[PDB]
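> Listed below, chain by chain, are the residues.
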Amino acid sequence: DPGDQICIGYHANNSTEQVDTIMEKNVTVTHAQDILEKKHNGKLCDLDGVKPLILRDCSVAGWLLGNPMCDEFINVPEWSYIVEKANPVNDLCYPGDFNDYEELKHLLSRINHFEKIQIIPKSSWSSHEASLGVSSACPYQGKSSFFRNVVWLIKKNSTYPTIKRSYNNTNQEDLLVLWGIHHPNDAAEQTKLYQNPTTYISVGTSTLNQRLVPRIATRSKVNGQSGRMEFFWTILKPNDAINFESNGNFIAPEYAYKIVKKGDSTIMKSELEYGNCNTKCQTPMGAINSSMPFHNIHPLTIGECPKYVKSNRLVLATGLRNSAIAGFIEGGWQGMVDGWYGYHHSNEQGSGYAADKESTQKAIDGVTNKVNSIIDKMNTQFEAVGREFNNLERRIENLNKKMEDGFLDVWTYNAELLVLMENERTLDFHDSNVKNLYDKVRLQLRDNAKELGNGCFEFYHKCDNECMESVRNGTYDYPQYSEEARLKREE
Amino acid sequence: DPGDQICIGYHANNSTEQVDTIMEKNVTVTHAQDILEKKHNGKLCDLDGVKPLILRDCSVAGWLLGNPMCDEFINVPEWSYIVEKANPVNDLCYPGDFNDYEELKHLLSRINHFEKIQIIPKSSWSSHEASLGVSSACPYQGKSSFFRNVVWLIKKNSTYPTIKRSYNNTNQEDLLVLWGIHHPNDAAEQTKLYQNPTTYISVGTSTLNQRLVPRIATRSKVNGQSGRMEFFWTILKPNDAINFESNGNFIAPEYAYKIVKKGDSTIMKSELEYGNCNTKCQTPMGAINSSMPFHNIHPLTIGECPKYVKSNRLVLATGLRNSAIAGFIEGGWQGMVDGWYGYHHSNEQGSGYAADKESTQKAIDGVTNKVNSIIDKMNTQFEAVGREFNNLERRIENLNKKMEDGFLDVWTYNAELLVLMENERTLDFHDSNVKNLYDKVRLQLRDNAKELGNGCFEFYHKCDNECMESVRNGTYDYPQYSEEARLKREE
Amino acid sequence: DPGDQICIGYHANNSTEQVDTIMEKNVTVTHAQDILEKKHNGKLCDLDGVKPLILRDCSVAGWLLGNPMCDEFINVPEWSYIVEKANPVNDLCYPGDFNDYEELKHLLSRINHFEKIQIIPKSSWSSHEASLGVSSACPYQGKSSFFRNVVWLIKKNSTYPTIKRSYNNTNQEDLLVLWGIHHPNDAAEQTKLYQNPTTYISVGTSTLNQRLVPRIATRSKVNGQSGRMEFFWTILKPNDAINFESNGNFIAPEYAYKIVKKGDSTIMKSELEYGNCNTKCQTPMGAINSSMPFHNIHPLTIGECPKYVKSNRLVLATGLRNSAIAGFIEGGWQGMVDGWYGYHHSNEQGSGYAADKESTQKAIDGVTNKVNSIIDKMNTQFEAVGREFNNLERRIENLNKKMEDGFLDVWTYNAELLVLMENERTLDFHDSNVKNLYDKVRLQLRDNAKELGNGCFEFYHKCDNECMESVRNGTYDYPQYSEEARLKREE
Ligand SMILES: *[C@@H]1O[C@H](CO)[C@@H](O)[C@H](O)[C@H]1NC(C)=O
Ligand SMILES: *[C@@H]1O[C@H](CO)[C@@H](O)[C@H](O)[C@H]1NC(C)=O
Ligand SMILES: *[C@@H]1O[C@H](CO)[C@@H](O)[C@H](O)[C@H]1NC(C)=O
Ligand SMILES: *[C@@H]1O[C@H](CO)[C@@H](O)[C@H](O)[C@H]1NC(C)=O
Ligand SMILES: *[C@@H]1O[C@H](CO)[C@@H](O)[C@H](O)[C@H]1NC(C)=O
Ligand SMILES: *[C@@H]1O[C@H](CO)[C@@H](O)[C@H](O)[C@H]1NC(C)=O
Ligand SMILES: *[C@@H]1O[C@H](CO)[C@@H](O)[C@H](O)[C@H]1NC(C)=O
Ligand SMILES: *[C@@H]1O[C@H](CO)[C@@H](O)[C@H](O)[C@H]1NC(C)=O
Ligand SMILES: *[C@@H]1O[C@H](CO)[C@@H](O)[C@H](O)[C@H]1NC(C)=O
Ligand SMILES: *[C@@H]1O[C@H](CO)[C@@H](O)[C@H](O)[C@H]1NC(C)=O
Ligand SMILES: *[C@@H]1O[C@H](CO)[C@@H](O)[C@H](O)[C@H]1NC(C)=O
Ligand SMILES: *[C@@H]1O[C@H](CO)[C@@H](O)[C@H](O)[C@H]1NC(C)=O
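Chains as they are written, first to last, in the authors' numbering: chain A, 8 to 330, 871 to 1038; chain A', 8 to 330, 871 to 1038; chain A'', 8 to 330, 871 to 1038. A prime marks a further copy of an entry chain.
Everything labelled a hint here was simulated from the structure, so no lab data went into it. Check each hint, because a few of them may be wrong.
Copies of one chain are not kept apart here, so a pair can be met inside one copy or by any two copies together.
Stated by the list, open to error - In silico SDA-like links for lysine to any residue, alpha-carbon gap of 20 Å or less:
hint, residue 1, residue 2
1, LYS904, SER979
2, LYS244, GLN179
3, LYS1035, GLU895
4, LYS948, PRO204
5, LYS909, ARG328
6, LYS32, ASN980
Produce the complete structure using the sequences and hints provided.
Written out as C-alpha cells, the structure is:
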C-alpha cells in the first residue's frame, strides 16, 4: 500500500520522420537516415583537381582545325574531360567529313599535355599559293577565310608541282597531325584550282600507308559550297617521320599538337558554367560530393560516382517505432529524455527514469554499423558515361543502352529491397532488445516481486535506490531479501 | 474439476503446397504464391497496339528491293518490330551484297510511317534500255525477271550515254533511297552490257559523297550467276536532293520509301502465327502479360518484360507452416476455420474457436505488403533483345553475350536467395506472432490462472463468455477476480 | 539442501575464428566457412580436357604466315584457347598489316580441328620466280628469307605474265586461305620487281569479290624496309572455289588450313608454363577448382568460373558466438564436448552434460542448408574474358570496361552484404534456439521446480536420471510429482 516498483520501457520523441519496411508502409520512427544523394551544385567543376575543356560554341573538329568563327578559351595545356553543346553552332565551316572522328574525340577526352606547334610554316610554300585557299563558307572579319591550322594550297602561275614534305618528330611527345583532301564539283574546278586533272595525296609513317584520290559527285550546296573537305589524322611517335606527296587537292598541315595521354574519359553534353569547384563526380546537371552509395540526378556521369538509381527516397530506420507509470506494453516514454531502452522506478526515495546504458550503447553501435556497412561496402571505381557512337553505330549504341538500363534496374531493385528488409530487421531488433530487458529483470527478481502485466514489477520488499541500481546493473541479491519478500508474499 | 480454460493456437488446413527457406527444403505451408511467369500465348502480337511486320519467306533486303519471288503482305504503313525466319528462302535472287545491311535492319526495326513512292519512272529512260535488265537467277511467272523497285539499265543501240538524274525530296518526310552497281565477270561482258569499258556511279546529297567503280574477279556461280549486284542506301532529308551520274553498271532507283522514325526495336527470329492479341512483352515463343517480376520463357524479348531467369519455381510462403483441446505447442487447428492466430476456450456456456482478428489482420497485411513490394519495386523499362551482328562482328556479339549472361546470373541468383531469405523471415514471423499472443494472455492473467504447458491456461475463477472476450480484447480486469482466484488458489 | 537441478546451455570451444555481421565487427565464433576462392595452381591447364595453344614468342599472325623466326610447338590439331605474350618478339618480320586481324584471332581462339595443307605448290610457278621473294627483314639461318606459308612471286626473265589460279575445296572441312599484296616504295621498285607499272590482285569465291591495287607512299624504315606487306584471309566453304588473278605485287598462298569450328573463347595474355593439369576455369595467373561461388584472383578468365569480386574474405558464421554450474545467461560450456544446445543436471545419481540431439541436429541441418544454398544457387555459365579490341576500337573497349566494372561492383556489394546479413541471422538463430530450449523445459516443469534466474531450475521433488531424460525428451509427467513437489513447495 503501495509497494516499490520498477518498469521497463523505451524512448519516444516528437519525430514525424516516416520509413517503409518489407511488411508495413509509413511507420513513424524516432530517427531515420536517407542514403540517396539528391543534391548537385549546378556547375561544371575540376575532376580530381584538373580543369575540364569547355567548348562554348565549337565542335572538337572545329576547335582542332581552327574554324575561324571559333572564339574559344585558347590556352589550356591539360584537361580531365570535354564539354560540348548538344549541337554546336560552329563545326566544319567548309562542309565535309572528319575520318574516325568519334575515336579522335575519345582519344582527346582526357589529356595530360596539349601544346600546338608549327610543323610546316605557311611561308615555306615557294612553288604553290598558300594565301588563296579561302572561302565565303568560312568567314572571318567579314572577309573570306579558312581553317587556321591547315593550308588550302592553290596552283601558282598555272602550275601545281608535286609536293614532297617530310616532318621528323624531334619532340619528346607523340604528335597529333591533321591534313585533308578537297573533293571538287567537276573537272573544270579541278584544273582551275590544281591545274592537274588526275591527283593523289600519299601519306606514310612507320604505321600509315595512305593514298587519297579526290571524288567528283554532284552535291547539294552546304554553307553555299557543293565542294567537300575530308580530314584525316595520325599519331606520329616521337622519333618517326610523316611523308606527304601530292599532285593537287592537298589541305596541308601548318600546326600539329604535342599530346601526352594517361587514360581516357568522355565528352559531356551540358549548358552549365565552370565554377572553380573541385569534385570526384561530375553530372551534366552539376557536380556531387559522393559519400552516399546511391544517387538519382543523371546517368551520364564522369568520375567515382554513387550508383545511379530510379528512386526518390532510400530512408533507413536508425531509431525506434515512435508512439503508477506503465512500461513497454502501453507505448514509449517521452520522459526517457536520454537512452533508447531503460527503466522507471518508484520507492520511498522518490520516482524517475534511468537509461539501460549497456543495451542502449550495444543498439546504437549496431545501427551505426548497419548504416556504415550499407555505405562503406559499395565498391566505387572511376567511369566515364557519354554518347560516343554515330548514326551508323546504332546497334552498338543499343548494346550500351541495354547495359546502362540493366545496371539501373539491378541497383534500383537491390537498394529498394535492401532498405525495406533492413528497416524490418531494425524495428524487430528494438522489440527484441526491450523484451530481453524485461526478461533480464524478471529473471533477477523471481518471486521477490510480482509481474503487473504492463511491463512493471511490484516488489514484495523495500527496494531503495541502491537495490534499484543493482537490478539495472544485473547484480540484484535475491537471497538478501527472500526472507522479507516471503513474509509480505504469504499474506 | 474441471476449471475454465483458454488456449492459444494457429490455423491449419489440407494444403500440400511446399516452399524452401535459406535453412530448410520442402516445408509444407498453408498458402504460397509463385512470382515466376512461366506461361505464353504461343503467338506473335501487336506491341502496345502496333502490328509487327511478319516476313514469311523474305529477307528485309529481298523485301525492300522487290525480289520478285517475295509473296508477302504488301500494304503495312507502320510496325513495332520485324519477324524474319532464321534463314529466309528468298534473299538476293541475283547474288551480291547489301552495304551496311544490319544498320538498315535496325533503322527499320520500328517505323511510325512507311510509304513506297515512285521517284524515277521506268518510262523516263529515253536513251537507255529499261526492260532488258533481267536474269534467270530472279525468276517471276516462269520468265526471267529482276528486283522490282530498282532498274538494271542496259545500253540502247550500242550506246550508254552518261546518266545525270536529280531527285528533290518535296515530301514532308525522310526518304530511304536504294541503288546498286553490277560487278560483271570480264571486260567482254562489261562492253556487251554497257558499251563503255571504264565506268563509275557518283552519288551526292548534302551528306553523301560516293563514287562506285565496278570490280572484275573470277567468281563461283550462285543462282547460276558469277556476276554480283552490290546495293547502297541513304536517308534523303525533306528538302535535300540526291544526284546520280553514271557511265555504266548503274542499278537505278525506281521506287523509294517515305519513313518517319520514332525510336527503334529489333528483328525477332520466330516461326509463329500473328494472333490479333495486344501485349507489352513479346517472346519468340509467344507473348506475356507481365505482372510478375521474373520469367523463364526466352531471353530474346521485345517490350517491357519481367527479368529473364534460369529457374523453374520462385514460390514465396504467404501462409503458416502446416501441421481438453491443447494449444500451439502441439500443432495447428483445422478447427480455426477462419483467422491465422487465435483462441480455443471452454467454460460453463460451452467450448469453441475464436480468431484474434487484430494480430491476424496485421499479419495478412504484412505478408500482402511483402509480396507486393517484391513485385512492385521492380523497375520495368522498354528493351529490344535480338542478334543484329554479322560474322565479322563476332567480338561485339561476344561482348553482348557476356552482358546478357551477366544479367541472367545476377537476376537468377538474387531472385533465388530473395525467396529463400524472405520465406525464412515469413515462417519466423508466424512463430513470433503466435508466441506474442500466448504472452499477451499470460501477462493479463498472471496468478488468476495456471499455465498448463501446452499453450493453455486453466482459470482459478469462473470465466464466462464475457470474461473470455475481455481476454481476447486485452481488457481483462485482474482485480475483479483476484479475490475468487486466490481462494481456489490457496487450496 | 540442496535440491536436484537441470540447466540449459550451449557449446563453447577454443576457436579464435572471427566473423562480421551487419551490426557487429569481429565476433569470435565457434566455427566459420570462407566462400571466397583465393588459391590458383600458378599454371596454364587444359580446359575441359582440351590443351591450350601456347605461342611462346610469336603473334597469331606470325604463326599463321610462317614468320621463319617463329620456333614454336608445330603439331597441335585442336585447342580450347590461345596464350600470347603481351608484346610477342616475332610478329610481321616484313612490316605491314593484317586485314580484320582481331576477328581472325577470335575465330581461331577455339578450334576443334586444325590441319595445314598445300593448296598451291611452290613448284607450280612455271612463268614466275618462286625463290627470289626473300628479304633481310625476315632472316632464317643467317640468310635472307620470308614467311614460309605464302610465296613472294618475282618476274622471270623480264616478264610477269597474268596469274590465273583456281583452288576447289575438295576437303570435307572449311579452308582458311591467306594471301597478301606488296606496297612498294616507288615506280622504279614496282617495275624492277614486277615489270608491269600498273597492277592488281582480284580474288573471288561465292562470297568474296576483292580487287587490290598496290599503294606507293614514302614510308619510315621498319626492320630496314620502307615497303609494306598487307595480308587478307577468307573461309572457303567445302565445295566452293577461290580464283586468283594478278598482274604483280601478289603474295600467293602455298599452304592453307583446314578448320572445324564449334564455339569460340578468346586470347589470354600470360607468362606461365603449361602444367598437364585439367581445369574448368583458367586465369592468367593460374587455374582454379571452382566449387566456391566467388573469387578474387584475376578478372580475365576463361571457362565456368566463380564470380570475380574485389574482396579479401567472405566468411560465414556456421557455429555459435564463442565465450552449482550456471546455464546460458552466464556464457557457454567448454564441457558441452558434443552438441550445440543442451543440458547440465545434478541429482543423487551424480552430475553431467547432455546434448539436446533434436534441436542440435535441426540447427546443424539449417546452417549446412544456408551455406549450400549460397553456393549451389549460383548460376555458372561458360564465358571467355580477354582484350580483343584495337587502338581504333577504344570506344567499344570502354563499353566492355563499364560492363566488367559494373558486374564487379554488383557482385562485390551483394556478396559482402549477403555475408553480413546472414551472419546476423545465424547468430540470432542460435540465441532463439537456446531461449526456446529454456522455455521447452520451463513449460514442462511449471511449479514442480523454481527458475534460479541463471538458466537453471531447482526441482521441488527428487528427479533421478530417468525423470531428467523425460525432461530432455519432452515427456516429463508433471502430475506424477505435483503431490511431492507441493509438500516441499508449501514450506
Ligand atoms: C503514406 O504517406 C504519404 C503521405 O506523405 C501518402 O501519400 C501515402 O498515400 C501513404 N500511404 C501509402 C500506402 O503509400
Ligand atoms: C609561269 O611563271 C612565269 C611567268 O610569270 C614563267 O617563267 C613560266 O614559264 C610560266 N609558265 C607558263 C607555262 O606559262
Ligand atoms: C628522325 O630523326 C632522328 C634523329 O635525327 C633519326 O634517328 C630518325 O631515324 C629519324 N626518323 C626517321 C624515320 O627517319
Ligand atoms: C551495481 O549496483 C550496485 C548497487 O548500487 C553497486 O554497489 C555496484 O558497484 C554495481 N555493480 C556493478 C558491477 O556495476
Ligand atoms: C523435395 O520434394 C521433391 C518432391 O516433389 C523431391 O524431388 C526432393 O527430392 C525433395 N527433397 C530435396 C532435398 O530436394
Ligand atoms: C544507233 O541508233 C541509230 C540506228 O538505229 C543511229 O542513228 C545511230 O547512229 C546508231 N549508232 C551507231 C554508232 O551505230
Ligand atoms: C529542293 O526544292 C526546294 C523547294 O523548291 C528548294 O528550296 C531546295 O533548295 C531544293 N533542294 C536542293 C538541295 O536544291
Ligand atoms: C472487449 O470485451 C468486453 C467484454 O465482452 C467488452 O465489454 C468491451 O466492449 C470490449 N472492449 C474493447 C475495447 O473492445
Ligand atoms: C578487427 O580485427 C582486426 C585484427 O585482426 C583489426 O585489424 C581491426 O582493427 C579490428 N576492428 C575493426 C573495427 O575492424
Ligand atoms: C626472256 O626469255 C628468253 C631469254 O632467256 C627469251 O626467249 C625471251 O624473249 C626473253 N624476253 C625478252 C623480251 O627479252
Ligand atoms: C568444285 O568441285 C566440285 C566437285 O567436282 C564441283 O561440283 C563444284 O561445283 C566445284 N566448285 C565450283 C565453285 O566450281
Ligand atoms: C524419454 O524418456 C523416458 C524416460 O527415460 C523414456 O521412458 C521414454 O522412452 C522417452 N520417450 C521418448 C518419446 O523418447
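> For each hint, tell me whether it holds in the structure or not.
To see whether the hints hold, each was checked on the structure:
no.: 1; hint: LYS904 with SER979; result: within (16 Å within a copy, 24 Å between copies)
no.: 2; hint: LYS244 with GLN179; result: within (9 Å within a copy, 47 Å between copies)
no.: 3; hint: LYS1035 with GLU895; result: within (17 Å within a copy, 34 Å between copies)
no.: 4; hint: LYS948 with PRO204; result: neither (48 Å within a copy, 49 Å between copies)
no.: 5; hint: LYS909 with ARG328; result: both (18 Å within a copy, 16 Å between copies)
no.: 6; hint: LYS32 with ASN980; result: between (23 Å within a copy, 19 Å between copies)
Comparing the model with each earlier hint shows a violation of hint 4 alone; every other hint is respected.
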